[PDB]
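Asker: Below, each chain spelled out in residue letters.
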Amino acid sequence: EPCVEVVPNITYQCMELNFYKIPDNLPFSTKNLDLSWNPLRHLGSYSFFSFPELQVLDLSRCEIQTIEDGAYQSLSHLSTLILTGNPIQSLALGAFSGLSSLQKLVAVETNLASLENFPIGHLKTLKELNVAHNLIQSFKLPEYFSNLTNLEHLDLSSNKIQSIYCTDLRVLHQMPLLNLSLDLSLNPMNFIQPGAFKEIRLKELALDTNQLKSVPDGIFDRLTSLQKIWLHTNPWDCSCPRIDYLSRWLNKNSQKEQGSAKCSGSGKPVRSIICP
Amino acid sequence: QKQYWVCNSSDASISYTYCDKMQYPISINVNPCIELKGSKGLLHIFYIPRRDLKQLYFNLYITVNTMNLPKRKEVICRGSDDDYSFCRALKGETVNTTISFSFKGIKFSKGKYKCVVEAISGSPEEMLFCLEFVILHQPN
Ligand SMILES: CCCCCC/C=C\CCCCCCCCCC(=O)N[C@H]1[C@H](OC[C@H]2O[C@H](OP(=O)(O)O)[C@H](NC(=O)CC(=O)CCCCCCCCCCC)[C@@H](OCCCCCCCCCC)[C@@H]2O)O[C@H](COC)[C@@H](OP(=O)(O)O)[C@@H]1OCC[C@@H](CCCCCCC)OC
Ligand SMILES: *[C@@H]1O[C@H](CO)[C@@H](O[C@@H]2O[C@H](CO)[C@@H](O[C@@H]3O[C@H](CO)[C@@H](O)[C@H](O)[C@@H]3O)[C@H](O)[C@H]2NC(C)=O)[C@H](O)[C@H]1NC(C)=O
Ligand SMILES: *[C@@H]1O[C@H](CO)[C@@H](O)[C@H](O)[C@H]1NC(C)=O
Numbered sequence: 005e006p007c008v009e010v011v012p013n014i015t016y017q018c019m020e021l022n023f024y025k026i027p028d029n030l031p032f033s034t035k036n037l038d039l040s041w042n043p044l045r046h047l048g049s050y051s052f053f054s055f056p057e058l059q060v061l062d063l064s065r066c067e068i069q070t071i072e073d074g075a076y077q078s079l080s081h082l083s084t085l086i087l088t089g090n091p092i093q094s095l096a097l098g099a100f101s102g103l104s105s106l107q108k109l110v111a112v113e114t115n116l117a118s119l120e121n122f123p124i125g126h127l128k129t130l131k132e133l134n135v136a137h138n139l140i141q142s143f144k145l146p147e148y149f150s151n152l153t154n155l156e157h158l159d160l161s162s163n164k165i166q167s168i169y170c171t172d173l174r175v176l177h178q179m180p181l182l183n184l185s186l187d188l189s190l191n192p193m194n195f196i197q198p199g200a201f202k203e204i205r206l207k208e209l210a211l212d213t214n215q216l217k218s219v220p221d222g223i224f225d226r227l228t229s230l231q232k233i234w235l236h237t238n239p240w241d242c243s244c245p246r247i248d249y250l251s252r253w254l255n256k257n258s259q260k261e262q263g264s265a266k267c268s269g270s271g272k273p274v275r276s277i278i279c280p
Numbered sequence: 079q080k081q082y083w084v085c086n087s088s089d090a091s092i093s094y095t096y097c098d099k100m101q102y103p104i105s106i107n108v109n110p111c112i113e114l115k116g117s118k119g120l121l122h123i124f125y126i127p128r129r130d131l132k133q134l135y136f137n138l139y140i141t142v143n144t145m146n147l148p149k150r151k152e153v154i155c156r157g158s159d160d161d162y163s164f165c166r167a168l169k170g171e172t173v174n175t176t177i178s179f180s181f182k183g184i185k186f187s188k189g190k191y192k193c194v195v196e197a198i199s200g201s202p203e204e205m206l207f208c209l210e211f212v213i214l215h216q217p218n
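Protein sequences, first through last, are from chains B and F.
Convert by adding 4 to the 1-based position in the first sequence; the result is the number in our numbering.
Convert by adding 78 to the 1-based position in the second sequence; the result is the number in our numbering.
Hints were generated in silico from the structure; no laboratory data involved.
The C-beta atom is built at its ideal place from N, Cα and C for all residues, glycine as well.
A portion of the hints provided could be inaccurate.
The calculated label-pair distances, taken between Cβ atoms and stated as ranges, are [said to hold, decoys possible]: (1) B:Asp-225 with F:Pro-103: 33 to 43 Å; (2) B:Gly-271 with F:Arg-128: 30 to 40 Å; (3) F:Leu-168 with B:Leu-230: 53 to 63 Å; (4) F:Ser-180 with B:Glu-67: 53 to 63 Å; (5) F:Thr-95 with B:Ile-278: 18 to 28 Å; (6) F:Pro-103 with B:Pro-245: 36 to 46 Å.
Only pairs whose alpha carbons sit at most 16 Å apart, straight line, appear in this in silico EDC-like list of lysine to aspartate or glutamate [unchecked claim]: (7) B:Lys-266 with F:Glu-203; (8) B:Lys-256 with F:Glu-152; (9) B:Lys-256 with F:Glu-171; (10) F:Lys-151 with B:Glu-147; (11) B:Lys-272 with F:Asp-161; (12) B:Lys-260 with F:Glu-152.
Assemble the whole structure, with the sequences as input and the hints as a guide.
Answerer: Structure representation (structure tokens):
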């Protein structure tokens, strides 16, 4: 094969080999297949019917722009599926069908604007979905999230999100055992509406390197299981009594915070401000 | 009710009194002395904890003339590498530190200022002591 072999009948790296179509001169038991940087442009029905045994698949930067129903149809054992940097624009409302075993799913920078039309709905076994560096402005998990009864990490960093509203995390209410970690870093966020996290169960929450100047008194207060939280490198306003709520909260949850949210202009830790 | 004079100053005077049964010794030197309208200085402290300063933190009970501010917790010594050297202080160890401090003024008020500072730390957190700090005013 013009491909490379790292593990016989197991792992092939057909990377950078100018393919225009899915090879197949590769064993039928292959388990790990890297097809990154190959002008594949379109993935049509059954695009992989020759690898019923794949586990990990990489299709990073493959200029793909379309994926239709059953594209991965017989990849029952697929756990990972990296679809990074692919100018997708049309996405089959059946695209991922057949991915019964999927667990991880990178979709970094795949020109996404909203998870509303992101057909992962039936991806029950999914464990982590990274849709970082995209074009999402409003982040409002849609109903289908319900079926994501195992999702434990959801990255949404570096998008175009400027604000967190109530509704935005709603569906989670109906998710009791959800030990979800949620990353929302490097976003143009500067507004979190009150009641946003009320009655929600986040294990880890990251709101660092955004543009928050202040938050709503009690915004976290009723946030079950929260073990880690990032709030550093933000343009925090340390004026009394505004900052008060947080300054306290942090002190109360010191062990929870990672890094130290500081004061804009001051540089002084927020947790050091005792207001009158 | 044995009052201990900390430091008399141009804008006020400081003093404290134990608010706990066991009344262990403490050398608290503020230098210079707090100026109620703002000033920095060196809080100097000599003590000797009965408990490992590990998770050391103060519960502050401030009370300005007319009102008092809810119970505020202020952590010192997180499990961090950034903590003040003394967070290493085990039980019977001597804590002879000095610490910089900067007090940003209070604008126009002479009433007496009463602040209680309940110290807590060590594995199962316990009270290391309590101190009632009274600070009287008379700008001349
Ligand atoms: C404030 C340092 C005083 C040093 C000398 C203290 C002498 C005896 C202690 C008595 C209790 C003092 C309690 C002070 C509480 C107020 C803190 C504060 O300044 N907050 C302002 C606040 O200050 C912010 C922080 O500045 C500094 O930190 P940073 O530079 O990182 O930000 C301040 N820190 C410092 O200047 C240095 C330190 O705290 C180091 C303390 C080290 C303690 C080590 C103990 C070791 C013990 C070892 C053996 C176990 C922060 O205060 C920390 C207070 C800890 C008190 C512990 C006392 C233990 C005594 C043990 C014997 C302040 O929040 O600024 C606000 C404005 O922000 C824009 C002020 O509000 P305003 O804008 O409306 O004016 C705010 O002041 C508002 C008035 C205040 C009441 C003031 C009452 C009178 C206090 C007179 C001393 O709050 C109601
Ligand atoms: C997310 O976290 C929740 C809540 O912390 C997890 O629920 C917990 O699940 C365990 C089972 O893994 C329950 O324990 C059960 O009872 C005893 C344990 O003492 C054991 O004999 C049983 O075999 C079984 O393990 C536990 O009661 C239950 N809730 C709690 C905390 O009381 C859940 O597993 C996690 N799920 C996800 C999606 O991460
Ligand atoms: C390739 O896989 C086949 C299928 O079992 C096996 O016959 C062959 O030995 C493998 N390659 C070798 C010789 O290692």
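Asker: Take the C-alpha atoms of B:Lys-256 and F:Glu-171, compute the straight-line distance between them, and say whether it is at most 16 Å.
Answerer: Since the Cα atoms of B:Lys-256 and F:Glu-171 sit roughly 28 Å apart, the hinted pair is violated (cutoff 16 Å).
Asker: For the pair B:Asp-225 and F:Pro-103, does the Cβ-Cβ distance stay inside 33 to 43 Å?
Answerer: Given a distance of about 40 Å, which is inside 33 to 43 Å, the answer is holds.
Asker: When you take the CB atoms of B:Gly-271 and F:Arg-128, is the distance between them in 30 to 40 Å?
Answerer: Holds, since B:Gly-271 and F:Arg-128 (Cβ atoms, about 36 Å apart) stay within the stated range.
Asker: Tell me if the straight-line CA distance from B:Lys-272 to F:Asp-161 falls inside 16 Å.
Answerer: Holds, because 15 Å separates the two Cα atoms, which is no more than 16 Å.
Asker: Quick one, are B:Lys-260 and F:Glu-152 close enough, alpha carbons at most 16 Å?
Answerer: Satisfied, since the Cα-Cα distance of roughly 15 Å is no more than 16 Å.
Asker: With a cut-off of 16 Å on the C-alpha distance, tell me whether B:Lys-256 and F:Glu-152 pass.
Answerer: Roughly 8 Å separates the two Cα atoms, so the pair holds.
Asker: Is the straight-line distance between the alpha-carbon of B:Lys-266 and that of F:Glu-203 16 Å or less?
Answerer: 27 Å, violated
Asker: So does F:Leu-168 sit 53 to 63 Å from B:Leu-230, Cβ to Cβ?
Answerer: Because 32 Å falls outside the window, the suggested range is violated.
Asker: Given the hint that F:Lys-151 pairs with B:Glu-147, does the C-alpha gap stay at or below 16 Å?
Answerer: Violated - the C-alpha atoms of B:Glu-147 and F:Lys-151 are around 40 Å apart, more than 16 Å.
Asker: Measuring from beta carbon to beta carbon, are F:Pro-103 and B:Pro-245 in 36 to 46 Å?
Answerer: Once the Cβ atoms are compared, 37 Å apart, the range 36 to 46 Å for B:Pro-245 and F:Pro-103 holds.
Asker: Verify the CB-CB distance for F:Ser-180 and B:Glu-67 against the hinted window 53 to 63 Å.
Answerer: 58 Å, holds
Asker: Tell me if the beta carbons of F:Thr-95 and B:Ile-278 are separated by a distance inside 18 to 28 Å.
Answerer: 21 Å, holds
In summary, the structure is inconsistent with hints 3, 7, 9 and 10 from the numbered list given earlier, while agreeing with the others.
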